[PDB]
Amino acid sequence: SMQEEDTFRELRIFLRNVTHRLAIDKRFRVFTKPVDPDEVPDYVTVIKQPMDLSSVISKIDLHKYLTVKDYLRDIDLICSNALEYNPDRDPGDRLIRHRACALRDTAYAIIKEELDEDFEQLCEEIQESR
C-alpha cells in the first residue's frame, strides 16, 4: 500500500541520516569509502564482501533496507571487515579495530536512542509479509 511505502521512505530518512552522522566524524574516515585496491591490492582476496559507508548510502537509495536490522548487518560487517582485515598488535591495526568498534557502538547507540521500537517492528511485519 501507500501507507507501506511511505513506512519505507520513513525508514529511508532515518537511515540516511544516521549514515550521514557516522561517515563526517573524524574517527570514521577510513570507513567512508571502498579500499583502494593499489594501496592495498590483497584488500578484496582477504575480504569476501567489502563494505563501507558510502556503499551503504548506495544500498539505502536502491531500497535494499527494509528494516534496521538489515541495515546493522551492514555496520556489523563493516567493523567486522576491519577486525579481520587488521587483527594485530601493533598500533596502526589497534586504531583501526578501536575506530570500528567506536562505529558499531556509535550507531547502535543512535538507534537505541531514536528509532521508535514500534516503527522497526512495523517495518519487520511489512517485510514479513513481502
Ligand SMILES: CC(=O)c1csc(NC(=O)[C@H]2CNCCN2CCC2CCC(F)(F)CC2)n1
The other form holds:
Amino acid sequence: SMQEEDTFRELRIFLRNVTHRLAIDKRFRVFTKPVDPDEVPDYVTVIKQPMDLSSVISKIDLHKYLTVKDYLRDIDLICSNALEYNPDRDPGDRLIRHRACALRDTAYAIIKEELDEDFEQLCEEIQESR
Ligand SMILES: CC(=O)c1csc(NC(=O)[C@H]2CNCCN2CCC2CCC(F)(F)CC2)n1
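Compare with the form solved without the ligand: the form deposited with the ligand bound:
Every component of the complex follows; first up is the chain already shown.
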C-alpha cells in the first residue's frame, strides 16, 4: 500500500544514514570499497562472498533490504569476512580484526540507540505478509 511503501522508504533513509556514518569513519576505510585483485590477489579466492559498504549502499537503493535484520546480515558479513581473511597474529591482521569488530559493534549500537523497535517489527510484519 501507500502506507507500506512509506514505511520502506523511511527504512531506506535510516539505513543510508547509518551506512554513511560508518563510511566516513576513518577506522572503517578498508571496508568502504571492494578489494582490488591487483593489490590483494589471494582475496577473491579465500572470501567466497565479498561485501563492503559501497555494495551495501547500492543494495539499499535497489530496495534489497526490507528489514533491519537483512541489513545487519550484510554488516555481519563484512565483519566475518574480515576476521576470516585475517586470522594471523601479525599486527596488520589484528588491526583489521579490531576495526571489523568495531564496525559491527558501532552499527549495532546505532540501531539499538536510534531505531524504534516497533518500527523494525512493522517492517517485519509488512514483509511476512508478502
Ligand atoms: C577487506 C579485508 O578484510 C582486507 C583487505 S586486505 C586485508 N588484510 C591484509 O591484506 C593483511 C594480511 N596479513 C598481512 C597484513 N595485511 C595488511 C594489513 C594492513 C592493516 C592496516 C591497514 F590499514 F588495513 C592496511 C593493511 N584484509
